[PDB]
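Could you build the full structure based on these sequences and the hints that come with them?
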Amino acid sequence: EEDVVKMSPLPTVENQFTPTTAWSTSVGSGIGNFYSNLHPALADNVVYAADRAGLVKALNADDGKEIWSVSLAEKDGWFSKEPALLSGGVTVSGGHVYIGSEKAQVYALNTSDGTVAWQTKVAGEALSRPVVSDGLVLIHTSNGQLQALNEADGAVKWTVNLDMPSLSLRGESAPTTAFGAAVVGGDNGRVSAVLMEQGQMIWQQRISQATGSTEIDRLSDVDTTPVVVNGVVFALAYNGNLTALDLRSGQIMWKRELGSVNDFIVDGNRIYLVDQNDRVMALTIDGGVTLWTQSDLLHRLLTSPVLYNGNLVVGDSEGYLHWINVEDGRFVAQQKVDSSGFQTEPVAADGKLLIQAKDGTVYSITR
Amino acid sequence: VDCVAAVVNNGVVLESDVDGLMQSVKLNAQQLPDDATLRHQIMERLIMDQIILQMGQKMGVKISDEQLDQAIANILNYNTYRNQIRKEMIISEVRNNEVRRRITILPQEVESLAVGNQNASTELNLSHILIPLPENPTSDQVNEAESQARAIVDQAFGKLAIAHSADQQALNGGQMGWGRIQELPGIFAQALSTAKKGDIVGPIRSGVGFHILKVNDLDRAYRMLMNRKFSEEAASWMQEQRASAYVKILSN
Amino acid sequence: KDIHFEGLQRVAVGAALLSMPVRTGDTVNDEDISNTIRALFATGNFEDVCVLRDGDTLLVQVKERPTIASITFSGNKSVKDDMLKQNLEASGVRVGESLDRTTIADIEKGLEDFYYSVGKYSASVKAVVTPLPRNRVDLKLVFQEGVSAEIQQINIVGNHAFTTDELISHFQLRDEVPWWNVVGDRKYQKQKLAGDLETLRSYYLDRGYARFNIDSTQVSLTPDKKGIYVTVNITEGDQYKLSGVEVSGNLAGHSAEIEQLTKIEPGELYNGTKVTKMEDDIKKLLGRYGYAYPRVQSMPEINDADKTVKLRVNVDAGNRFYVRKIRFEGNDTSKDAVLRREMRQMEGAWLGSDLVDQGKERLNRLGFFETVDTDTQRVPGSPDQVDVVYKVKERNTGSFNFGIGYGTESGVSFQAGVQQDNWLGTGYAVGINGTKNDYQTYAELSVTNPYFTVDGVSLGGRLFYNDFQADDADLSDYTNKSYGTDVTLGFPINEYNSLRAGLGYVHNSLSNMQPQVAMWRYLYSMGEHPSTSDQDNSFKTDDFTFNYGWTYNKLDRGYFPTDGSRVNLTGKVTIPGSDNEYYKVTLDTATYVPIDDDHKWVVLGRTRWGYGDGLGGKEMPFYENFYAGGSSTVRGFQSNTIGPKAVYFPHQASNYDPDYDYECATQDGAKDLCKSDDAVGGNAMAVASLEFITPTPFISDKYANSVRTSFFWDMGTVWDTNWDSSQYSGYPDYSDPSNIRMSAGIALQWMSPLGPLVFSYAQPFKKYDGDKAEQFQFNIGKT
Amino acid sequence: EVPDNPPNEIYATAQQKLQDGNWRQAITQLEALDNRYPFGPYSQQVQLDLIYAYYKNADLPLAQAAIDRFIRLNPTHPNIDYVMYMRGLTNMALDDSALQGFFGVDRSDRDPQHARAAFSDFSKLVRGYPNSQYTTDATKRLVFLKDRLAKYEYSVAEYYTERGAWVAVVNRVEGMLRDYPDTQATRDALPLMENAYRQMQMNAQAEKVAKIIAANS
Amino acid sequence: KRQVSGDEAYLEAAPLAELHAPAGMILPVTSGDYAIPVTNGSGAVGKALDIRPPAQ
Amino acid sequence: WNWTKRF
Amino acid sequence: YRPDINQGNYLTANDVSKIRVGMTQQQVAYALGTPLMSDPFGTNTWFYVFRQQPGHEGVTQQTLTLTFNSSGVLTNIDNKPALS
Ligand SMILES: [Mg+2]
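Protein chains in written order, with the deposited numbering: chain B, 26 to 392; chain F, 25 to 53, 58 to 103, 123 to 161, 164 to 168, 170 to 206, 212 to 273, 395 to 428; chain A, 27 to 809; chain D, 26 to 242; chain C, 32 to 87; chain I, 1 to 7; chain E, 28 to 111.
Wrong hints could be hidden among the right ones.
On the chain E side, residues computed to face chain A include the following (Cβ under 7 Å) [stated by the list, open to error]:
| hint | residue |
| --- | --- |
| 1 | 29 |
| 2 | 30 |
| 3 | 96 |
Okay, derived cross-link-like pairs now, DSBU-like style, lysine-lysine, Cα gap no bigger than 30 Å in a straight line [what the hints assert, rightly or not]:
| hint | chain 1 | residue 1 | chain 2 | residue 2 |
| --- | --- | --- | --- | --- |
| 4 | F | 134 | F | 251 |
| 5 | A | 103 | A | 135 |
| 6 | A | 103 | I | 5 |
| 7 | A | 103 | B | 31 |
| 8 | A | 267 | A | 808 |
| 9 | C | 32 | D | 42 |
Read the hints as simulated data drawn from the structure, not as lab findings.
We put the beta carbon where it would ideally sit given N, CA and C, even for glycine.
What follows is the structure, given as structure tokens:
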């Protein structure tokens, strides 16, 4: 069995610089082939990486030395082992490390030592990023419930049920917060904004042109984190439309025939995204006019793009990091980073580009 | 004496119509380049018109005659002229019908009430050259497209607006008439910020292609923004229909 | 003036004439010819046309659309070619008409559609249009089917009581399939998911969770459409009790017996299996009373306060239906009697749903049919008469088996054969089989009629030829070439039981016999007095044996049993008029007692008894002696090493070589009897084995049940009651059963892709002289 | 493999193969001609040749499909009697589908639904076309099919006598006397019904069956 | 598998003779859905009939 | 290993 | 050994008591159901046979003969509770 197309040949380009790994720190079995949103974070100078087995390491961002390490797995005797199944990406905002798990448990650990500050059972697999906002931790469970939990107490403040299709795509849209309004992408194509206090429905708008095929192929999931810029919410469904909508009313500002489940950057007057066909597209914000398109990485299983030193960075399921130019989209640089591959999104914070591979070995890149 | 240039969908573009419209633009023209490039551009334009015609002559109804007569009287073989005007006013109507559904206009900040917006100072007479690109112009399309665009901007305009353009105004020369600041695509706004009498604007990266502008002359905002969104969306959707069609070139 | 076409090779000329307004004797100008060509392409008759300039009148060139003459499919590994040819047919383009290039992409997406439906969410297709003269083209679609969408993980949410691995172990959908284990496939199906949801519900209702509910079932695709994640978001309740059971509805006067079925002890955990068994018991009771469709709805009234369950068993005994006639459809090979003798529901009797289900299950157990469906059609013009029509899909019943295995007991076992289990559709099973061990070469030809009597008595004959090399079996060297026939009647006296009784003639040819005390004692007692020299001896016997047997099989599971007992008492006594005059009784037993409700911990009591002696004036043949040791009898010992040891006489071997000693050869320097360590077996054996089966310690619980770990302790002693302890006093008394060898060890069993692998490491802590203590025993796929 | 030759030569070659006795080439040529030129000249003769070749090549299911296509496409045809007779022949060939060889098994107690279909087809043919050239051949085949169906019901009755299902035996022989009153199998099954009545101690009907046997022995 | 059915060599079936109802009783009604019509013709049987499809 | 093939 | 051999109608032993002379065929056919065996030779002589042969227990048969007339009205009830 061979894929639909031979995975796009490695685009040979002359790198304008020498991309190197500043430091490498392995994490045991690193989530693995399993699809997850689990990616490192960075609060001030500490990289908080996690693992599917339940191993969470806080490392020094400058040199990759273990500040501390904790195991969240709950073994029972010597008959069965229970890995924590961490899937929610690490989010560290208020001095706590928030990690979701597929056991419907969200853990807040202390950045000081790694002890479990609290742990709360939620509706389903916390596949989304446990975003932190307004003293609340918002997660989007795989069951379809958007749950907001107390930042310190840990008890669920509220839970809002979202419609779930018969079939969906792995992963849930991490909430985005703006002006006390939380915007999430339901798996049925409905982008939904609710309040940040008890979560009553502000509005819900369908953004997916899908369901026309009437099959199990045109899944209309919105698995990307919406981005709020200038009071406009940009969302990107799967097999749907890249839609800019009014935050207050929910009416569509504009729409493009683009579908993806990868997070996109919205900065200045530009939106950079990776298509469902792993096609790197940059569009305008005013009307969504596609400024440029890169199909040389077609069907290469790219990760969510990030902006590092004014240069887009994209992974792939081969351990290759492609530095794509911001302006014309031409491949500025290309680095062979790992052999297992890249699935989770990188993070570009504090001048550091951090990325986990499919074996979890955390790498810091310098441009 | 009447061959076929190409087949598109179930329709076919002939050689009689290609040569007839070439003679029409010849009589209209302005100076024009070598007739071979005009041949290729004319078959390209007729393929462009026929593919969108298939979208509308099987679904959309047909224009009336007396409103057509009023339009032509307001502004050779009479039968052929009436055939061409019936050929074009229906395609403009169906293009508008599709583009209106591909565009949304809110009474909110989409209306851009906050009417002055960016300064809208004076109407501008500007010309447009477009370099068509495939929905996936990566591999080498953009690379050669860049080379052609640099050659065009270095050379400049009467030749090139017909040579390798893609909009319906390719044969006319990209003329847009009077145009205000907000009645232009968003990519063109920054070029307009650097625009000047007789200035040549370099190619602008876009999914539609590379756009070259040259300024020739130096509820109200609803029509301005509608014009700019219509330009962007029509330019996009023409490329989408070009990619989503079966076109073959017949050397014969 | 006059149109002259040049094409129209395939399309009729009249179609072009009617599709082209300008014709012979018509006005000619550019506008008209343009209109005619536009209307000609309007119908799509011709792919390309042209008008060629000619001084004489008008000329027309025509190129019709290239007709497809054949459809070629390549690379469609996951689906049959004509399945996609039906897709091409349904689109509207097929062989016999033209090919449309526009329709090609629709074809491509159509093939994507059924690859999506079958489970290949990524399967690209490329069209290849090979030209052919006379305006023809052959499509050669290159299929490139991506990686199949396998289940990456099955997750359960809210299963605080039971681990996810334990619940998924019973699922037929598998997220982990180890290379060394056969636990299924990772392919995902809707029906499989529904069946596993029902399995999860059954598992939770069997543990007392009456309030268990599956809140939702999320099926998600990895964005690459290669991995499938199943999240069964459940809400388990508490471990409820069973306070009482009540029955209602029209019990039709059998209220007393139905209540007699519904005894429960209070304070016992709710069990969905027990509830369903009670419902089926009431159904069977009413069906035995003549009710065809005894509807039974056992609704639970759940007291959350006291956390108890009260079962309201509403019973509605429907009208009595009678089977006018039982009809069999699709039995083109098997005759009607073969299918009808497996029916428990009888034509002309009152219809019984349980009886019909039993008949369908028996037909499925025959193995002659791919699938067996039952339809209880209503007889027209009769309110309570039905026809129980059975639709069977006949199988290619004949098959040839090709097994290869390895083990310490028998070395390399090459098994082969061919058997037609439905010979001429008469129900007879004919079959030739063959086995080649390191020491035994068996060739069998068995023909059996499963129903020699309508009651179910089978009659089977068997022509067998066994070449047994005793030296290779870790015994005293002798080659026994036996051949004969058996005719055995099997009596199914009761279910879980089967007697058998038959007559068998066997001719044994013994050669290369090692001179030894036991074999020579037998030969002397058989009336022959040949010399102790001449290693290559020869003996021939023709012996007729009445064989009897009784097999009690209550094992709930055929593979890896957890509860029940399997006893096999097989005796063989020589009828008068045979060269040998002896009887030999053997008794196997394997009882499985589950000591836990989950049946993970099992106690296995395995016994292996045997006693045989002559009937006066004769002794038991030395080749019929029992053996112990090796795998499956006494682990930790060498194959057939437990028992009396051969006492070789001073004799001259056929071949001699220094430093080999040739088992006490005269050339080596032997003049007196010697104690040899090569075992010969004994006329009696007694073996017992206590085997504590535990869940595999270090393994994922998803396939823990697929690997049986056991701690075994085997006692076993083989003795020869005819041993002459008087004139053989220096040697150990081989007629002493008190020398009970014992071994203790650990064992692993699992169905690897190489067959059933059984490994074991055992230390014999109480072994005697001459017992080869083979610590490690194993057997790779004996099947 | 058949080249795309004009229909006349391909049809002539297929016919020559048909009298030559070599079938598979004839089927291939006929199906190639039919597929290349659907509903062309003398297409009905091509369909008849295809049906005959499929029947003679032991390819019964495709013969049935082709016959159904012909009968639904030509409800009023000059050679409709021929195609119904071919359908009956195909059904009868499905009846005697021995897995290995046609031996003393006689296939009487095998699946009779193909025999029932063949009997219905030939009955329709003879009732609708009593003057066709296949009329008396179809009548003889109906006689044989009636004998075979009654033999199947007799085998069922014999098995039920062995089992002791005397009610089933009585019902089966009553079904014989109704549907198949003039068959040797019915004459053989009458003693079975008498035995079933006697074993049930209903001598009031056993005597009637004995009288019937005596009057017809 | 069905080649021998090309020549089934039938016609050995005994002629169908209706049973006679003895005095005092009548045989059950035939309901002749399996009845043989009296239709007859030349129709040379025993492979003498040409099953070759008649071209028109 | 054990192989069996349905012919 | 041999399985359960059930044959004929299941006489409840209480439905048969409800049968009295003068009832039409419809009423009895409602009370006990259509008999498995009729009299195909003679008149409407319905035979309701409740026959049971268990697994080596001994065959027990209850015969119930209902002799009607041409008119369709019951005339005679020949009940044999056991196999003679
Ligand atoms: Mg999702």
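For each hint, the structure was consulted:
1. 29: 4 Å, holds
2. 30: With Cβ-Cβ at 6 Å, under 7 Å, it holds.
3. 96: Result: violated, 22 Å to nearest chain A Cβ.
4. 134/F with 251/F: Violated, because 38 Å separates the two Cα atoms, which is more than 30 Å.
5. 103/A with 135/A: 18 Å, holds
6. 103/A with 5/I: Since the Cα atoms of residue 103/A and residue 5/I sit roughly 21 Å apart, the hinted pair holds (cutoff 30 Å).
7. 103/A with 31/B: Answer holds: residue 103/A to residue 31/B is near 18 Å, not above 30 Å.
8. 267/A with 808/A: Status violated; Cα separation ~47 Å.
9. 32/C with 42/D: 22 Å, holds
Violated hints, listed in ascending order, are 3, 4 and 8; each of the other numbered hints is respected by the structure.
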